[PDB]
Every structure is written in C-alpha cells, then in structure tokens.
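A.B. asks: Each chain is listed here by its residues.
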Amino acid sequence: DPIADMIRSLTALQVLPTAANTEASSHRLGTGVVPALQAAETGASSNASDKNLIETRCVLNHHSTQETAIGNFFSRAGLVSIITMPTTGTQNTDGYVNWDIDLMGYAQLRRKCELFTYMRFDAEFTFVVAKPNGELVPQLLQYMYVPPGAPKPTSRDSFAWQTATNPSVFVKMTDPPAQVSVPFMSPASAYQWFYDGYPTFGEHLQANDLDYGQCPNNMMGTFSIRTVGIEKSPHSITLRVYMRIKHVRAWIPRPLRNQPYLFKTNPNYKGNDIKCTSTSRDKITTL
Amino acid sequence: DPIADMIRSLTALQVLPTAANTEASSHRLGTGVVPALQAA
Amino acid sequence: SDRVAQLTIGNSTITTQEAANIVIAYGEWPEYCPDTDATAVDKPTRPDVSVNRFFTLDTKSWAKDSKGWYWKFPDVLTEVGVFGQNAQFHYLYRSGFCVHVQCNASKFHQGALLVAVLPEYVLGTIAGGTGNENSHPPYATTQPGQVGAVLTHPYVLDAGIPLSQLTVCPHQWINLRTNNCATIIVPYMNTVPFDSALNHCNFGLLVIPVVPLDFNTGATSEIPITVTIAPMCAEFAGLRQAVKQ
Amino acid sequence: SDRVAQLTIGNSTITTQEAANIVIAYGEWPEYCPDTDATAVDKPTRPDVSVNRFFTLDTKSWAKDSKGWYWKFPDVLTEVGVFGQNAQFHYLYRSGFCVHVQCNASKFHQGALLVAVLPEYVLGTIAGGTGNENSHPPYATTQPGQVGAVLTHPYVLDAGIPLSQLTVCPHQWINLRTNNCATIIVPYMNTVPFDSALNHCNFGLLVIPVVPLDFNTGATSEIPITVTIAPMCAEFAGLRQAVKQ
Amino acid sequence: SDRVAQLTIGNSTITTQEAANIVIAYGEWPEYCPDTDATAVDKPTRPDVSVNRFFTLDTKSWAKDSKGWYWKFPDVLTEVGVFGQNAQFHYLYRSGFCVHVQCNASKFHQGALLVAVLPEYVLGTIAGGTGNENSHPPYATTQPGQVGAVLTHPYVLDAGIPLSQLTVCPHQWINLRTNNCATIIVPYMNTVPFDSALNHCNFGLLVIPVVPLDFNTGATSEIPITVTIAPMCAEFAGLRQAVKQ
Ligand SMILES: CCCCCCCCCCCCC/C=C\[C@H](O)[C@H](N)CO
Ligand SMILES: [Cl-]
Ligand SMILES: [Cl-]
Ligand SMILES: [Cl-]
Ligand SMILES: [Cl-]
Ligand SMILES: [K+]
Ligand SMILES: [K+]
Ligand code: NA
Ligand code: NA
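Residue numbers (the entry's author numbering), protein chains in the order written: chain A, 2 to 8, 18 to 297; chain A', 2 to 8, 18 to 50; chain B, 10 to 254; chain B', 10 to 254; chain B'', 10 to 254. A prime marks a further copy of an entry chain.
It cannot be assumed that every hint is accurate.
For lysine-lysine, the following DSS-like pairs were computed, each having C-alpha atoms within a straight-line distance of at most 25 Å [as the list claims (entries may be wrong)]:
#1 B'':116 <-> B:116
#2 B:116 <-> B':116
#3 B':253 <-> B':52
#4 B'':52 <-> B'':253
#5 A:280 <-> B:76
#6 A:162 <-> A:274
#7 A:242 <-> A:122
#8 A:122 <-> A:256
#9 A:141 <-> A:242
#10 B':116 <-> B'':116
#11 B:69 <-> B:116
#12 B:52 <-> B:253
#13 A:182 <-> A:242
#14 A:285 <-> B:76
#15 A:274 <-> A:122
Simulated from the structure, these hints should not be mistaken for laboratory data.
Next up, chain A with everything else stripped away, as it sits in the complex:
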C-alpha cells in the first residue's frame, strides 16, 4: 500500500479426426490482398492454402488422422536387446548374465525415440528366447529386475536370486514368450534422450569427459538372467528383448538422425564419411 511497485499460451488444442476439406474457390483479381507472398524470416510457416493460389472444387475429405497419433507410431514392439549365454568360450560359461539396461543399442527404435527430446510412457516387455539356431529345448530360466542399489547376482546361485523383493519371472524356453508391463520409473517427470550437461559438480578434466550427456534419471538398473539350476546347463541360450511403448506423451521435436549411429551413449558420428541427407544428381536442371 505505501509502496506501489509491489503490486500464458496464445494457442490450444482441437480435435481433427479428418484432413481438412477443400472449399470451392473462384478467381480473385485485386490489389492489397496478397496471400501468396510470405516472410519466412518471421519463423512462421506459410499460411497459404490451395484456394488462395488456384481455383478449387469442393472436396469432402474423410481421410483419417488417427494413424499418425504418436501412440500408434510408437506402440509397436521393437528389438532393444540381444543377450547371449553360450556354453563354451570367453563369453559366459557361467550360466548367468547381468545386463545394464540401455535401449539405445538398436537403430530402428532409437531413431524413432530421438525424434523427441522428452518422452514419458509405460512399456510392455516381451522376452523371446531360444537356442542360437532357433531351436527350443526344455530349459527353465529366471529373469530378474535389479533396480539401482540392489545386489547384483555374482553367480548362477547367488543369494540374490531368492528374489524376495525384486520382481522375477520364471519361464521355460518352450512356453510362449514371457511378457510384462512396466510403469514409468524415472525420478524425473520424463525420460530424456538428450541431456546437455554433466551428472555431477567438479572440474571436467578430459579424463572424465565420458560423463558428458549421462543422465542418471534414465539409468534404470540391471536386468539379470540365469538357467535355474545348481549345475551348468548344456545349452547355449539366445534372448531377444522387445519393448512396446504405451500410454505415451512426448515433447520438443528435433531433427532426425542422418548419420549412422556409433555408440549407445552419445551422438558421435564418423567425420571422414559425413553422409548427405539427400541423394545426389549431376545438374540442378535435370532429373
């Protein structure tokens, strides 16, 4: 009272089940009005439509817009991991495997997710398992989810497999593929495929520049698997993991990856061979 100085979004949602119609138009001849002329410098895309540039007929368009809803674009199971437990070799003659959950190892799904900066969703995981040649044998397996901070099994018979609190699934290689629903688990409000920053404070000496881009809010822990038995199993095992996004929301679209992927954790690209987004031709005046 005795000190006076101490006293939004202009756009929203519409439902568009079908493509816009075309209204019939005729010739327009005059000064002042000029819809064909634009100013791309503004940052806006052109507002001109067919009826302003030509004479149109009427078209009652019933083409649906439903299949391009992000939900239908993403809710299709895709491969996010291939885990192997061979019986001979340097791989894992141990009968168990601990896999750090990182889904950025396969391009098809990755490129689709990276179209957005942030995504929030639930997921359906399907586990397709078989011998490396595709054959199936009566082998009992156990898949266990080990959240960050939970003891990781150190052997085929580590106490951790008691799985008294962690969720585990027991299934036979002969049963259909196991399948479960997973909720949204980040401590953040959304998973983020791009984090322009460092996870901790400190000097960022070239020794720990591998910290750059690592967002802890996306680190979901470990996925462990073993043949259920005190003795070694005679079978090599191939586990393919598929993920299906559901109940999804996405924010901030970005340019799509146009260089092959090199690493799971960063956007590094092969500098000696930078691919052009479009194929080439000889002359700009010839097809």
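We have chain A; now place chains A', B, B' and B'' with the ligands onto it with these hints.
C.D. replies: Only chains A', B, B' and B'' with the ligands this time, still in chain A's reference frame:
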C-alpha cells in the same frame, strides 16, 4: 447440389448542361493531404 | 508496425527499426514455477530487476567463410552480473529467456543467418575421423562460456543431425535485405522444475549462415553479429556458499 | 495497399509488389454474351478454367534504342493450350482479357514504357516511301502470332496516327522508378456478338518506350519485358473440324 | 501522412514528399491586429492574396565548407511584388510568415542544416579583433536584402551568443537522410502593434550547417538551398508616398 463448384460497370451517366462552377476556396496549410501530387 | 519494436526490461531497453516479428517458443511465455509442479520446499529468491534485464555478450565477426556459432544457456551468464552471482550461490535455478541477435549491413550486402534455439543441445565428436575412437567433447566445447564456440560441421550441427531440419525448432532468420535482428522468447524447458545452472544447459542458441555473406569489394567488410539476452522470471533456491562448477 | 497485388485465375497466380493500380478498360468488366444481344442459336461451350487462365508469351529485350512492340488479340493465343484448340475448332469466339506486362529494373535504372490497348489496330505501310505505291502489310505483320512484332515508326504507330494521343485508350505506364508492371482488364469490343478468332483481331497491345531506357555502365543491361495474358469469359460456338486459318 | 505535405496560399502551392512536420512558432498562428491592442486610428488595407502568397528568393549553394546564412524580415521582401510596394507606401506594417526552406540531396549524401527563427536578431562586430574598437555593422550587413548574408562566426551567431542554444527558438532541422525541407509558421512579435517595415526587422532566419555536407566524389556536388516565404495576414496603415528607406 452434390457438386458445389457448380454454383458490370462502376461508372454511369449524368446530365451536364453547363460547365462546372467554381467554388470559392482559401488557403490550406497542412500535412497528409496532397492533391497536387499525382501518379500518371 | 511489425518492423519496428522496443524491448524494455529491468534498466535496459532495445530498439530496432527492421524487425520481423517476435517468436514465442512453443507458444509459451516464461513463468515462475507453480506450487503444483514444485518439489523443493525452501522459499526461493526472485531478484527481479537485478537479474531479469538485458546482457550483451562478446561480438562475433561474420566473414564470407564463417561456419557458424553457438552458445549454451544458462552457461553464457553464469559469471555475469548479479545473475551469475545468484547462479553460483544457489544449487537450484530456473528461468526463461529473451534472446535478441543483432546484425545490420547495407542495402547492397546479402546473406542469411538462421537463428535457432535447440533444447538439450548435446554435442558429439567426429570419432577420430574413422569412427573407431569413442572421443568426447571437452568442457570448453560443451560449455564455451560467454564467448560461445564455432561449429566445425554445421551441416550436421556437430551432432549427427541435419541443419536442414533445425527450423522445426523456435527460430527466425536474419536475411540482410529484410531485417537486422531476431528475437525469440524462451520458456523454461526441463524434466525437473528447477536445476543446476552449472551442470545442465537447458538449450543452445545457434546462429548459422545458411546463405553466405557477400558484397562487392569497397563496401564495409566488418559485419559483426551481436547477442543480447535477458533472463525472464529468474528464480533461485538451495542457498549455500558460491560454487563456480 | 495499392502497390501490392495478386491475380489468380484458373490454375495460375501472378504477384507484384510494385503495382500502380489496375485499369478496367472503358469501365467495363468482361461478361458472357447475353441472350438479347446474341444471334447464333447453338448452345456455346464455355470451357472455364482450361482457357480462362494466364499464359506467358515470349519475352522481349529492352535496349537503349528499342522502337517498341505490339501483339494482336486473339492472334497471340490461337495456337496455345486449350484456348487455341477451341479457337481452331470453332467458327465463333468471344472473350475478354486480363493483360499483365512485366518489367523490373533497379533503383538506378530509368525509363518509361507506355502500355496501351488499341481496339481495331489496323496497320498501314509507308507506301513505298514516296507514297505512290499502294502497298499493304503481309499476314506476318498484321497477325505476328505470339512473338509479336516491332514498330518501325512508333511516332505514328505504323498507322498514320499520333502516339502522343494513344493515352486516350486504356493504358498504364511502367515508369521504372515507380512500378514494374501494368495491368489492364479488357472487355469484348466488336460490332458483332461473336466473331472469328482467326480472321479478326479485336485489339492490339502496344508497349512503347516513350522515355528511353538508360543506366550507367556496370549496371545489369539485360532488362526484359514479359507479357502474360488471360482470356476471361471465353465462349465458343459453331463447332466443326479444326482450322488454323 | 506527416512526411507528405502541401501549402497553398494565394496563387501559389508548395509540395514536399519528405517533410518532418510543421512548426508553429511559440504555438501561435498569425492573426490581424485586434481593436483592443491597436492604437493607430486609420482603417488599414489588408490586400489579402496579392501579398499573402509565396515568394522564392535567390538560391544559395551549400559547400563542404559553408559557414551559414541569414535573412532579415521583413527586409527580404521590401522590394518584391505587391508586398514590397505596400511596405514602401505605408509607414505602418504588420504580418506573420510561413517560411519554407528547401534542400534535397540523394540517399548517399549527408549533412544537417539547423533552420531557426530568431526574434530581434541584432548583430555585433568582432570589435577590431582586440576588442578596443567600438565598430558597428553597416546597413548591408544588418539588412542584407533578399540575397541574405553569410555568418563569419556561426559558433557565436555573429552576436556573442552560442549557436548550441539556438534550438530554444522555433526551428527544424534538414537532415539529408530524413527530410528535404523545413517549415515554420511565425506570428507577429513586437512591443508595438504595427511598425515600420524599413527601420525594424522583427526576426531573422538562420540556416546553419551544424553537421557539414559530405559525399563521395562522383556524386552531384551542386547542392542548393532555397528559401520560399509567404507573408500571412499582412496589414498596412499610414498611407503616404513611397519610401525605400
Ligand atoms: C522382470 C522383467 C524386468 C524388465 C525391466 C525393464 C526395465 C526397463 C525400463 C525402461 C527404461 C527406459 C530406457 C531409459 C533410458 C535409456 O536406456 C538411456 N539412453 C540410458 O542411458
Ligand atoms: Cl536359487
Ligand atoms: Cl559442414
Ligand atoms: Cl518514329
Ligand atoms: Cl565559428
Ligand atoms: K474433414
Ligand atoms: K454550372
Ligand atoms: Na500473406
Ligand atoms: Na492526389
């Protein structure tokens, strides 16, 4: 009906028996108005 | 009446007689964090005019062969004025920005800069050329400070993505024959309500000459580009001693 | 708001950012022939969009010494697109026209073209110089086709009449320091409701440089002039086989 | 709509397409002398259109080194047209003025003239340099006629006063990149209702180049300055024979 797309002279005559009259006028000093300037 | 404009905030005012409108990123004005979204319980400090004002950074020179530059936010201001001081003394920070990029020439010069804001601008390396080396960008490249940095491969934005599609982000163009500045208002974007102004850069500002500068010899050749930015609705929390990084 | 304009007809659109209004010849818009005036009894064909659209003819080059050009209507289009085809297959034709002449230069060039429409533009010969020879213009001169022709004596419009008085006809000027185009809308004018598009040219379009082109050497010297025309309310009757002349 | 203007008075009209508004000295329009203020008893003559019209005086040439000029009122017109004749035949005179100073260049020239009206512009001499000589200006300097005179020391307006403060008087600037004329309307100012047009000059018009003319060689170098003035509400009294001084 099922196909929508299937659906003059700004000057005329006056009688002028006599030449136009001349109305008295005074000085006009100002911006914006400029009758002497044309665009042939 | 759309080409003329004035921006006044704090004790600072910007004017322009050759604008091309103003962009409001994703259609949203910056705003202080609301109680429903907040999580940190301490009452924040909202300095107002001492930090929500225009700061002008170092100027760059546009040459017929420039590749393009970029700056990270809030990195650019972590060490400038009262804003920087608040960013250092607090763990938590949050704000929006008004970005005003300036560049004027003459009716006889030509060229076009694309001015864009790219949220979470994560950079990549050329992987030792062959692609067998998993190298990473050094601090100085990811957080160049107020001087900004230079793009080595603008075509892929030093991140394996096409410049051709950057217009999918909030942007404007400075086309010398049309305007002499770009203005973009950016709201806070993140997966958390507040964050560290030191460890995380919310977005990057890119200024790339897509249509190269050109002019007949005899015409002024020093054509600078200047960046002036203003935090909006700056809020801070988690007070303690000052930390630079 | 009088200097800017857009013309859209058929599947074609013209734009101009330096116009000087639009002329409607004798104050009348073209219109289809009404039943009171008509005489031919067959139902005509009115193709609409396939013929009432903009056609761009061959471009001419304006030189410091050009005399001027002219085109005859409907001759120019008798062999172009669907319009020409209809003109050939029918004995009777009738239509109006929208004429748009284009010519842009720079703020450093100068000159002025007079763009006019002269109904029943009958040409004459210089009569063997002495005037004792009753010579006549050859087909190629009276009906030059889409390429148009050149005036040999613009001062008398190759017809014994003063160019100085041509402004008594519908016209506009293209004065380089002011505009870069001329637009004239012409209604059907004739002593009969319909006529042959082959034997009779309703009017001629003249483009004469009354104030010669000039510019300092070093400036662009190729200053073209382009003619784009659109039939309006084209109607045809008396169908039979195609005839070219 | 503030840059364009037309002034019509008497049988004369002025046009300008690059004005910068119009000044009404001290906010007052000229007016004939009212009966309360008047003192002379004879009915005055108010010629109207024969004297309240625009008169154009001799033109001056602006050079990169010009010092500036000045004219005295009503001296400039005492021998021009019907106004001068009336000023000579009458003892008493009174009027206001519309002053229009013209100067156009090109978008490539630069410079700025200060155009001002200074009531009772009394001139001084440089006092023999040392200041020991009490010299005075000769008639030709105090009343230069229609040709006007040149300032020898513009900085002190040849009168011991600072040019820097002349803007405290009714004025406008002709800044070549902005406008090409100045217009000031001046009301009668004096300690008496009427006065001699010969013995007393009510005010002086100063045109001083405060920001010197400049341009690259090759550009037009003859940049004239023209003064056109119009008496307003001219009234005269005390008729007798003609007197020139
Ligand atoms: C018993 C079956 C357990 C199955 C548990 C699977 C949990 C996986 C949750 C999906 C988390 C989304 C992926 C998150 C982050 C990305 O991988 C990051 N790029 C890693 O840095
Ligand atoms: Cl067990
Ligand atoms: Cl590049
Ligand atoms: Cl001739
Ligand atoms: Cl001086
Ligand atoms: K629809
Ligand atoms: K009359
Ligand atoms: Na438009
Ligand atoms: Na006018």
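A.B. asks: Next, verify each hint and record whether it holds.
C.D. replies: Verification of the hints:
1. B'':116 <-> B:116: holds (11 Å)
2. B:116 <-> B':116: Roughly 11 Å separates the two Cα atoms, so the pair holds.
3. B':253 <-> B':52: holds (23 Å)
4. B'':52 <-> B'':253: With a Cα-Cα distance of about 23 Å, the restraint between residue 52 of chain B'' and residue 253 of chain B'' holds, given a limit of 25 Å.
5. A:280 <-> B:76: holds (19 Å)
6. A:162 <-> A:274: holds (22 Å)
7. A:242 <-> A:122: Distance of about 40 Å is beyond 25 Å: violated.
8. A:122 <-> A:256: holds (14 Å)
9. A:141 <-> A:242: holds (15 Å)
10. B':116 <-> B'':116: Since the Cα atoms of residue 116 of chain B' and residue 116 of chain B'' sit roughly 11 Å apart, the hinted pair holds (cutoff 25 Å).
11. B:69 <-> B:116: holds (21 Å)
12. B:52 <-> B:253: holds (23 Å)
13. A:182 <-> A:242: holds (16 Å)
14. A:285 <-> B:76: Between residue 285 of chain A and residue 76 of chain B the Cα gap is close to 18 Å, so the pair holds against 25 Å.
15. A:274 <-> A:122: holds (15 Å)
Hint 7 from the list above is the single one not met by this structure.
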